[PDB]
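There are 4 protein chains.
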Amino acid sequence: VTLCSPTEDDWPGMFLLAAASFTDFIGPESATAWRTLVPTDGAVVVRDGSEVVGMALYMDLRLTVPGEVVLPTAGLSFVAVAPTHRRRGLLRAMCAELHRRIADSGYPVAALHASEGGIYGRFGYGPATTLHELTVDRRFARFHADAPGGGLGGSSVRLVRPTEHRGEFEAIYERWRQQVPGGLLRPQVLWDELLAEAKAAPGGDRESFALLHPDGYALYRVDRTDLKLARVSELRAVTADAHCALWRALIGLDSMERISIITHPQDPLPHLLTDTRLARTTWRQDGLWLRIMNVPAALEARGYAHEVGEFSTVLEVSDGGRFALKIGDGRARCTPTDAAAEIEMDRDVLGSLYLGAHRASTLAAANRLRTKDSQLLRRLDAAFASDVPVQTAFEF
Amino acid sequence: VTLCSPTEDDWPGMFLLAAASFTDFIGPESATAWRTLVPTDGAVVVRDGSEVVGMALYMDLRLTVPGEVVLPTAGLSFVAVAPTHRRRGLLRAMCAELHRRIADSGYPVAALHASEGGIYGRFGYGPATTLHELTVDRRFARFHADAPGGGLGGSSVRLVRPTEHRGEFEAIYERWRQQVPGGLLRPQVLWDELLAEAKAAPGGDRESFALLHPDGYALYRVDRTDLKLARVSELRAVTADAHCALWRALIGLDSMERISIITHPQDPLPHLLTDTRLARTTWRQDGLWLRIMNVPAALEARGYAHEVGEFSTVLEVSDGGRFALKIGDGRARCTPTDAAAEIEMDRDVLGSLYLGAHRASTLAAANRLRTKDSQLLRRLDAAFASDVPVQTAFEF
Amino acid sequence: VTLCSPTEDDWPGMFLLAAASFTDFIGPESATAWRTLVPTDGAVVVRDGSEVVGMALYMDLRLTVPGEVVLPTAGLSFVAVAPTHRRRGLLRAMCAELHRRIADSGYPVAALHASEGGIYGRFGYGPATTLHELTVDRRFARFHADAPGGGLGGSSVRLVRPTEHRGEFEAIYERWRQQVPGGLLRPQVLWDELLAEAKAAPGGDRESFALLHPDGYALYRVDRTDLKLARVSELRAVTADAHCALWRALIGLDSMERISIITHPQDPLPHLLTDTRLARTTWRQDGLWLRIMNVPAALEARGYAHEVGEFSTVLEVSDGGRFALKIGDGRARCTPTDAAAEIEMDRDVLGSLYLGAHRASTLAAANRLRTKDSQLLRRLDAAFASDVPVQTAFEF
Amino acid sequence: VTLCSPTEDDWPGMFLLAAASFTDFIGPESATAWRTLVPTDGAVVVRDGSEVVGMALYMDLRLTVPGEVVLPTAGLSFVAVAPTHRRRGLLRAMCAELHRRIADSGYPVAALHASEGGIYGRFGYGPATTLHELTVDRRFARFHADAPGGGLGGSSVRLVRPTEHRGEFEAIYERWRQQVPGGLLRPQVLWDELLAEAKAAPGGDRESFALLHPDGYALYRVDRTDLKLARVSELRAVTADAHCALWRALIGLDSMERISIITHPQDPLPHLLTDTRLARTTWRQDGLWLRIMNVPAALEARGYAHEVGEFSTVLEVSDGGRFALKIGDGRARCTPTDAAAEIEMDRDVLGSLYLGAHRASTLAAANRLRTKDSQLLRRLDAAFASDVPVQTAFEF
Ligand SMILES: Nc1nc(SCC(=O)NCCN2CCOCC2)nc2sc3c(c12)CCCC3
Ligand SMILES: Nc1nc(SCC(=O)NCCN2CCOCC2)nc2sc3c(c12)CCCC3
Ligand SMILES: Nc1nc(SCC(=O)NCCN2CCOCC2)nc2sc3c(c12)CCCC3
Ligand SMILES: Nc1nc(SCC(=O)NCCN2CCOCC2)nc2sc3c(c12)CCCC3
Ligand code: NA
Ligand code: NA
Ligand code: NA
Ligand code: NA
Ligand code: NA
Ligand code: NA
Ligand code: NA
Ligand code: NA
Ligand code: NA
Ligand code: NA
Ligand code: NA
Ligand code: NA
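Protein chains in written order, with full-length UniProt numbering: chain A, 3 to 51, 56 to 402; chain B, 3 to 51, 56 to 402; chain C, 3 to 51, 56 to 402; chain D, 3 to 51, 56 to 402.
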């Protein structure tokens, strides 16, 4: 039980453990694409004296945070302990080694998608974005008088084969990810992967169609088993016009009873309809999780609300340092101090505040975030809040 | 088809229509209690040349709004058109008459709970609060190290018969409703009603139990059919200690698999657990709906965020007037003007902003709220936002 | 194991066997009402050397058959063999004794409702009417331009308590049963019974409401468990106006998703809607079963289609006699002959033809009805067919 | 938005719209077969200034109507409006153009299968045949003494691979379609298609088997998911012997719990069993829809019941002409008149009467068919009724 960087001879063993550990595993030939995003010394394996009983790696990602600021992000992925080697501290050992490497490489943040909601808090990760399934019963769906693009003349939305409009989707996604907190750069190899899953699989998923606007696209497919349900896999709109136009087109799928989509809590769709209730929230879950690797570097890099006035405090992160935090003009200055702390939180809590998805008041109500001054609580709420609402880019 | 105030001879006819129109109708003897909250000239009936084919009324309510300010509120209820008299403009006629009376009586706002989400927007009502069902699989539920009241010595929470601690529940609810936006004064007759539904019904609901803290209570009962589910009908906590203590007690119901509760989007419960995901959102729906009867009187009466600086604009409400709105020091001054409008919205949209549940940015994204200045949008978002998170009191 | 007419001392034993044999048993106090319809020597019990292990009886009924002709009918009911005395020929013995008594009393027909579809063919009973559940998704239901009573002014349909309009329901049902094949006289005691089941039972069925027209009524209640379903227990309309008006009222139950009713295959409801398919057939089953006790007396008593011309044939019923059958001017003459049979059928098959629900062609295709002349088959089809479509009155 | 006949360059665009509009779409290579049945100028597309946003076509069909008379029939199919171009009158425009072409080509009738039951009435189509799912619990199924082919010696039914007995199936279907109202000529290319779907698909449908009689065949396969259910896709029997023999074989599938089939309301199967109720009606829906293009040409072409005597009337079809209709000797003469109408109906209603599936009395009860003389109603019922019961051939 020694902890090493994998050699090329180790990957077949890692793919075996992946196949047994993740039910959604897309096989080795598809894993070559994602492997391009793993830097040299981005992966750790544990061997038993021999085969692979343990693995974890990070990918080089670019995360957009409030103020349209793009951070280098270590994306944690492909974490797996053999069923034969549980309760043996292999995860603790692997996560520690990667965090060392992530820290020493100069990543201010790491991020992951959690398989369970109870594992990653202890390693410093906080849930930072919220996933939100909306299901529209589109038979009753009528658009409000106030809704855009409900006038005579032509539609701007086209129905198209995804594979023949890759360039337009890239262009739109690139505009989208740069201006939305939670946005991730989607490299070429992940566009290759995304469009290979657009085509119909024998006894698998059905053909994916696209609705294409100058400033938006929606990829959808009819469900395998439920043939009256369209699953919107991905809708990216840069303008409210594009968003609305795309939903007029989706509500126009007259052979479907229900359109479903995984979106964000602030999706304006419910307000496009004469009946808000027709867009039911069927499902809600933690999206992206953040570990703030370097507190001063992260707090300084993001923009803050211009609306709150200048204010200063001392933030203590448990075993992560104490800081004089001065916020004003939507910039922050974060500097070492030994002054008495006014606000205390574990590092995972800072992850949950960092993109604006969670309010400091809420975490304080749970005593995850201690302060004796509620004026300071309101000011943190206001400053950390995001003007553009926070969204989840793509699962990794 | 003439529209009149009911006489005592009209109520049996109204109770007949109620029994046929609402499946949850609690019968005449229980309707005597609610009738005490209907003012003289609070009810309209439509007769056909004869029996009651139409009815609507308002109750005298006291609604808490941001800044711990209590408004007189006309609560719209008991609205029903005979199945024999649909598509005949009886609702339009009845709602118009009540709104006339509500306006001329000096109510700044009316409120209702909607049976459908598509009827009430056209009459000026906006969804103002969000209901949120959390279901905890309590078998996996462990409280976080940071959570309050996890130390040795005694528990402060007692298990009790609801009927023998009415005074303590009243006291706690009275403290709660005065300090929470969406709070409603619960009069004596509704406490009589609430505790009569605490006892077990033959072949109906099971006995209700209470968890009692100095600063909180929870009423729960095991589900009729699912005997591994506890339904928390009502949890009122005044302090974070009370909230946490009550959930330790609820998670301690070792014979249940699932605790469910209808709460608000900012409920801190998910953050009390080591696994946020164990508190699943199973259901989400519009709660209280607001019609702003008098725009200047309502906008002036509520508190605003101290965090946003002083700012002025011209608000047009469609067919509801145009106003110079000046917000600063968490007060608003709202005065008539004929100056060019900077912000336009239908009256229902103002209802949805009024308690802070919905962001102006979100409604703007849906074009329910028109402005050409996004700086003004951020300022409205910030000013209208509620420091204490908005909650739904009781259904009427 | 001797077969006797019950004494008053035998009924408690019969009620015990009834409670164990029929899950829907309405108890002894309610069985006093139905007992009034059992004639002296209408009931047989089997005792074991002692308690009741066997029972069967007939009730005095008046059945309407084609040509608005009302026949005295022995209604077979309350048939039960102890679970302790199966496969012992007690049913065969009891049915034989009752049929003897029914025959010798001068009933031309007996009728029953079957608990199973496989028992009663061998005793000479044929399924004579078809039950047909229609379920309307009333959210999509719009009436056709051509539909009656879709013009301005008042509705003629009232919503009422069943118990306060007994006289009007009786009057309408009495008009209905006299003019519809399958109609049964409903005596006073069965109107007492029907209205006692209109009221809500503690942890049972909900309150029943009535829609009342001068020429029609509908009794409905919301389902116990499914609160979005209205079950129409009974709709009697004498004119197409009444039928349509009542369905406009039922489709107006805006709190229901689905209206369900057990009706007949020729119910015009599907054709009242712009979308026939909205009235789905969810369920279909044999209704009333007929045993022709006296072939000549029954064939002579009913009217025949005036459209088919005069024609003669020889009908053989297996072990039920051979007859010269002459049909013309919608009358039949049925006389003994020893002439060669042109048409053969078991007696149960004649029951199935007798009210016009089943076509002779269909039964011939199944070889239940033998002839070597298809011209004669078409003529039987045409003559036996009912101008007024055949309906099921009430279960007994 | 111009309306044109498609060029060969337009089909890829039509196949894209087909894939997105119909979930059952069988792909382009299979659509080449059906394309052979589309005449020159049988198809219309709508382009947007460019891609295909609209399409509709008719196929050359031969429909059997009562009196074993075969009509040329325009079969409407492949109708689709882009989700991006709803509520724009593209369907109205396309249907109008095709009906013009269908009329001017000399088709007396058009027919279609409806995706929804609410679209096609306004374009003059009436539901003309009824689909009827029977499900047999074959564990309890015993054949009646009277049933054919229940004697000793050999069975005449063989179990066979469909692909090796194509000639025998063709021969039987050809005999069947010529003698049954609703019958359609099945051309070579549709037999190619039918037998390609007989073989097992990887992770799709299972292998199809055939039961083969000299005068009948049944194609069945075990259900994908439910392995105790045999789905009879198609049973064609020319003689009652063949029908019965085939069901003895199907009830002999001792590894199945349930045999299901989509058949017609007059299927004699229920009467083959000792228990009629074992053949439950699980599902019922409109089959083939008819638009009478030329009222006199259609009314004159079909046979009428010989049983009803000679009679004359004036039929008005709304915006379809008024006619002196004289029916006798099972022929009709239909001639222009300006005499007062005795019977009025919309054109769709005539479609519903034309094959005998619906009774004029029933449509009159719904006021779809106005007359002041009920004697004339009985005579129309009798004359339009079909001696051979009406069946649905194959979906298109
Ligand atoms: N990061 C990756 N993601 C995917 S599919 C996107 C997705 O939604 N994953 C959720 C579930 N995961 C499944 C797999 O990783 C853990 C949990 N596929 C591959 S192959 C592969 C990676 C990789 C990492 C780099 C090495 C080889
Ligand atoms: N306002 C009232 N509320 C209740 S129960 C609380 C509740 O949750 N109602 C939701 C459904 N409603 C059911 C009834 O009113 C409409 C929809 N019960 C009565 S009796 C009664 C009222 C009344 C108004 C005053 C007159 C007589
Ligand atoms: N004929 C009767 N009918 C009813 S309820 C109508 C009904 O729907 N019955 C269907 C099921 N049956 C249940 C009971 O009889 C067999 C199957 N209730 C009583 S008490 C009673 C009878 C009687 C006969 C006369 C003697 C005492
Ligand atoms: N007429 C056709 N039918 C079939 S499959 C038989 C079937 O059951 N269709 C029901 C659903 N339809 C699905 C497709 O057409 C609308 C609704 N497949 C093709 S490819 C094709 C046609 C065609 C028309 C000619 C042009 C190309
Ligand atoms: Na980015
Ligand atoms: Na969206
Ligand atoms: Na963190
Ligand atoms: Na209050
Ligand atoms: Na709570
Ligand atoms: Na409002
Ligand atoms: Na009668
Ligand atoms: Na009916
Ligand atoms: Na009989
Ligand atoms: Na044909
Ligand atoms: Na069949
Ligand atoms: Na027609």
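Some hints could be false.
One copy or two, either will do: identical chains are not told apart, so a pair holds if it fits within one copy or between any two.
[To be verified] Straight-line distance between alpha carbons at most 25 Å, and here's what the computed SDA-like set of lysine to any residue pairs gives:
1) 205 <-> 6
2) 378 <-> 151
3) 332 <-> 259
4) 234 <-> 166
Derived by calculation from the structure, the hints in this document are not laboratory data.
Okay, the hints, checked on the actual structure:
no.: 1; hint: 205 <-> 6; verdict: neither (39 Å within a copy, 31 Å between copies)
no.: 2; hint: 378 <-> 151; verdict: between (48 Å within a copy, 19 Å between copies)
no.: 3; hint: 332 <-> 259; verdict: neither (52 Å within a copy, 46 Å between copies)
no.: 4; hint: 234 <-> 166; verdict: within (21 Å within a copy, 36 Å between copies)
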